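> The residues making up each chain are set out below.
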Amino acid sequence: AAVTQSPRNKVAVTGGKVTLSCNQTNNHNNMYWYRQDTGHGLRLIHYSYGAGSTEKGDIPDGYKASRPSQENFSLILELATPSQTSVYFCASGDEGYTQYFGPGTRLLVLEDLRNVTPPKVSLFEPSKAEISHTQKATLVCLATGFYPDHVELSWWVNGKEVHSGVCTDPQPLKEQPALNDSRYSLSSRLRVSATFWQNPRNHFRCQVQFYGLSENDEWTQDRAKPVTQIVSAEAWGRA
Amino acid sequence: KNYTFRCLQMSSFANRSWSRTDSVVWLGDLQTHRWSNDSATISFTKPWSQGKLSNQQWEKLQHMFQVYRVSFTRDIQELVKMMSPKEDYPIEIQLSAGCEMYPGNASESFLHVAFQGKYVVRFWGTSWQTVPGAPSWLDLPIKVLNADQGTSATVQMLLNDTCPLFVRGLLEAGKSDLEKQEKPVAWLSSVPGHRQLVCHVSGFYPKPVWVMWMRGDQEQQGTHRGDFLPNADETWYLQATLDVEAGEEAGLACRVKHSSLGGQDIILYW
Amino acid sequence: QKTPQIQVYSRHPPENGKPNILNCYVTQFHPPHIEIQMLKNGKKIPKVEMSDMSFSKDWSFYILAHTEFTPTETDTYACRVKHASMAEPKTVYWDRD
Amino acid sequence: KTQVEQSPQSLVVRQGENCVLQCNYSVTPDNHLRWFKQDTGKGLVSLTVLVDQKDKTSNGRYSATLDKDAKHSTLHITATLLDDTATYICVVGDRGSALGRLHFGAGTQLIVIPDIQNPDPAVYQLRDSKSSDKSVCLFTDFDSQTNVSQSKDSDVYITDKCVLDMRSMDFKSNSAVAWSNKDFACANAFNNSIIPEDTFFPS
Ligand SMILES: CCCCCCCCCCCCCCCCCCCCCCCCCC(=O)N[C@@H](CO[C@H]1O[C@H](CO)[C@H](OCC2CC2)[C@H](O)[C@H]1O)[C@H](O)[C@H](O)CCCCCCCCCCCCCC
Ligand SMILES: *[C@@H]1O[C@H](CO[C@@H]2O[C@@H](C)[C@@H](O)[C@@H](O)[C@@H]2O)[C@@H](O[C@@H]2O[C@H](CO)[C@@H](O[C@@H]3O[C@H](CO)[C@@H](O)[C@H](O[C@H]4O[C@H](CO)[C@@H](O)[C@H](O)[C@@H]4O)[C@@H]3O)[C@H](O)[C@H]2NC(C)=O)[C@H](O)[C@H]1NC(C)=O
Ligand SMILES: *[C@@H]1O[C@H](CO)[C@@H](O[C@@H]2O[C@H](CO)[C@@H](O)[C@H](O)[C@H]2NC(C)=O)[C@H](O)[C@H]1NC(C)=O
Ligand SMILES: *[C@@H]1O[C@H](CO)[C@@H](O)[C@H](O)[C@H]1NC(C)=O
Ligand code: NA
Ligand code: NA
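Protein chains in written order, with the authors' numbering: chain D, 2 to 240; chain A, 6 to 197, 202 to 279; chain B, 2 to 98; chain C, 1 to 182, 184 to 204.
Please note: incorrect hints may appear among the correct ones.
[Stated by the list, open to error] Calculated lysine-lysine pairs in the BS3-like style (CA-CA distance at most 25 Å, straight line):
1. B:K48 / B:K3
2. C:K182 / D:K121
3. A:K123 / A:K6
4. A:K91 / D:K65
5. A:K65 / C:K68
[As the list claims (entries may be wrong)] Here chain C is said to cover these stretches of chain A; the calculated rule only asks that three of the stretch's residues, wherever they fall, bring their Cβ under 8 Å from a Cβ of chain C:
6. 77 to 86
7. 154 to 160
Please keep in mind that the hints were generated in silico from the structure rather than gathered at the bench.
Ideal Cβ positions, reconstructed from N, Cα and C, are used throughout, including at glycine.
Chain D with its partners taken away, still in its complex shape:
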């Protein structure tokens, strides 16, 4: 029994309208919306016993729920506030006590969008010193100059995502810690065997999925509109 949530990540402005959606093809009557905040357990916002039914949970204020069909249960923030910055979890169930949770949705509500900026991405190739010393090859990916800090960095070898040999900084660092709306940098490493990096049919790509503005978001500044987008950097193996 599987549950899906969209979007998986969203940056929004105060006063904006945000809709979080949950889809469920198990033919479960019952669906449930929670938020998770540091220092608290998951708290119930709204739930539904079927199409057309919505019920208030423990913390319903500032949220509207919508159940247009058995399959879809939506959480609507009509006038988003920063206090709604959170991780949102949807779940479904039948008559039994088990609730099957979705993968979660991260929401950041900013006061203002004026500083939103996508990353620059650079891929740094392995040191020949490292190769001769360890028979291993470490690639470094660097995402810089981005705001806010909602990014997903991933590695791709020949068009397929790799997890083994990867580690990414647990949080971005601030480029100007002094300033209020500092841009961030984030680094990640992929370490392979020298022979793997030395094979020139191997294509390496580091990809950053940046969450920013939507199509419908107003934009008054000169510079390019900093929309949700992918930025990547790429290199081929070599002897």
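Put chains A, B and C with the ligands on the given structure of chain D with help from the hints.
Quick look at chains A, B and C with the ligands alone, frame taken from chain D:
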């Protein structure tokens, strides 16, 4: 000989927020317990109402019921949300649960549920079921209630084991109250070209009684017994009427037979 | 919604001037919200005891009100019931006869 | 303050060590208790569900107990691995059906420090694939007794340490990265850190 033990629960749900649950317990026609909504604990209405249960067994049984009352209240409220807008407040739910005790160690247990004054649901064997005549929408509540294995196991144990055990002990402990004999007292009166004679019989226990208008040795088959009406002191009241032509009341008597009189019938002549 | 039956009767044989108990037995009503008053000469009697509400095999509710009273030639006694199933309150007078 | 309390709030253990997590609750009634594992930024993975008055369960290296009389549950992790690094959440369901509400604990954060067998600390310079006239400095292959300090200069950037796992080779290594447009060389990059003496600086 045969005694039925009845736990009666009455629950009013006026709207989403407001509800109250009150209970009374009967062994035969004597009240053994009371459980007001206002009270955290079950009240004994007899000295012997705990039966042969230790204080620890009673506490544990009471605790189970305390959890039940709070849980029941929330479950109904959630079931209404689940069925909305098919059903709406106000809502009355009644439960009648207990056992009928037979000679031997033989007994039959029951648990019957009424919704808006109509018997719709019982517990039978190992599960909740609707009974004939019940509306189809109850199939979803039943399905949800039957998902709860824990409640099923508890109810089975209450019905199969706890009820007969408890009531056996009650019968022992309360023997002297159950077997009491209280004498009827009678008096006559009349109302309205026909007249109605009335034989009033009051204060008798137990319930079984015989009351007949007579002319000497001839039973007046026009005699009409009313219903048994309760007194506050756990005795019974009954009246027998006879419609007669005015100035025809000479030589009519009211005869009362009851177990408490030990052969000495009451005879009141007009 | 069924209309409450009311029966008024004394515990002991009625003798003018002698203390006694007056019973008001209200039956066959639902829903169970009900207001019962026992009246002396149309005035509400203060200290009226109520049994716990219960119900019969047919799921209809009943309750017993009672109060101490001393009958006389002059004084009247009644039981007055308000229930949603009736437009106006119903009053049954104690006869004795 | 809440109906489900977990202890400890957080703990740090070394790879191979066992640990015990506690959950105490006041929820009534208590139909069942579930333990969840939540990786950083991920979802809820069920580890076990306890239902009996005095229950015991197991699931590989995880085992759990429930005492309903004491309203207490423990989760035991045997021989911790790096991937046990996660938040562990306790949940009490108050019904054996969908009429139930879930009562979530705030969670316990576990960090497992990995075992570095053959440390080989070194500082390498990596060049950009495109515009090759800029670079980063990689401090790698140091054991977990080594602590990486932030930069003195604030136009020099240094990440915290991070451990990767080359699963097919059964090999783990720590690393940190430094860079700057300022002057900056890899010999100077980690000066502000107590780094090993045998650290390899090639060239
Ligand atoms: C019955 C006679 C017993 C003999 C002794 C009596 C002598 C003492 C005098 C008694 C005085 C009080 C009498 C008045 C009450 C008479 C009612 C009798 C019926 C009692 C039913 C008791 C049910 C007990 C269980 C219970 O509380 N369930 C409740 C709590 O359950 C939770 O906690 C449990 C703890 O034990 C267990 O978890 C523990 C795990 C298993 C280990 C459960 O798994 C867990 O889900 C549960 O919410 C239950 O659903 C409550 C309602 C059940 C009755 C429903 C009636 C059907 C109504 C149909 C509605 C249709 C209308 C829709 C709009
Ligand atoms: C409590 O007592 C009840 C029976 O008493 C009745 O209900 C009470 C609540 C009360 O009102 C009493 O006054 C009243 O008389 C027990 O209920 C019986 O439970 C058994 C098993 O637990 C049921 O037997 C089953 O019958 C099914 C046919 O519909 C059948 O499918 C089942 O098969 C199972 O077993 C066979 C092996 O023979 C296996 O092949 C299957 O795979 C499966 O396991 C099973 O045979 C009775 O039908 C129930 N009786 C009624 C009338 O419904 C209850 O168990 C008992 N509980 C306790 C804890 O004592
Ligand atoms: C019947 O009893 C219940 C339980 O005692 C009452 O519900 C409580 O009401 C108080 C104050 O009104 C609240 O603070 C509690 O939260 C309620 N308790 C529970 C367990 O929910 C209910 O109000 C009573 N009904 C009436 C009409 O008096
Ligand atoms: C709910 O019902 C009660 C009892 O009749 C009533 O007094 C109260 O006003 C009602 N509350 C609401 C919110 O309708
Ligand atoms: Na390298
Ligand atoms: Na790091």
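> All the hints need checking, so say for each whether the structure fits it.
Comparing the hints with the structure gives:
Proximity of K48 of chain B to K3 of chain B is assessed by CA-CA distance (about 28 Å); at most 25 Å being required, the pair is judged violated. Distance hint between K182 of chain C and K121 of chain D is fulfilled; the C-alpha atoms sit about 19 Å from each other, no more than 25 Å. For a cut-off of 25 Å, the pair hint linking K123 of chain A to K6 of chain A is broken: about 30 Å separates their Cα positions. Taking the CA atoms of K91 of chain A and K65 of chain D, the gap is about 23 Å. The hint holds against a cut of 25 Å.
A threshold of 25 Å between alpha carbons decides the hint, and for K65 of chain A with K68 of chain C the separation of about 14 Å falls inside it, so the pair holds. With 4 residues having a beta carbon nearer than 8 Å to a beta carbon of chain C, the region 77 to 86 of chain A meets the requirement of three or more and the stated coverage holds. With 3 residues carrying a beta carbon less than 8 Å from a beta carbon of chain C, the region 154 to 160 of chain A meets the three-residue requirement, and the given coverage holds.
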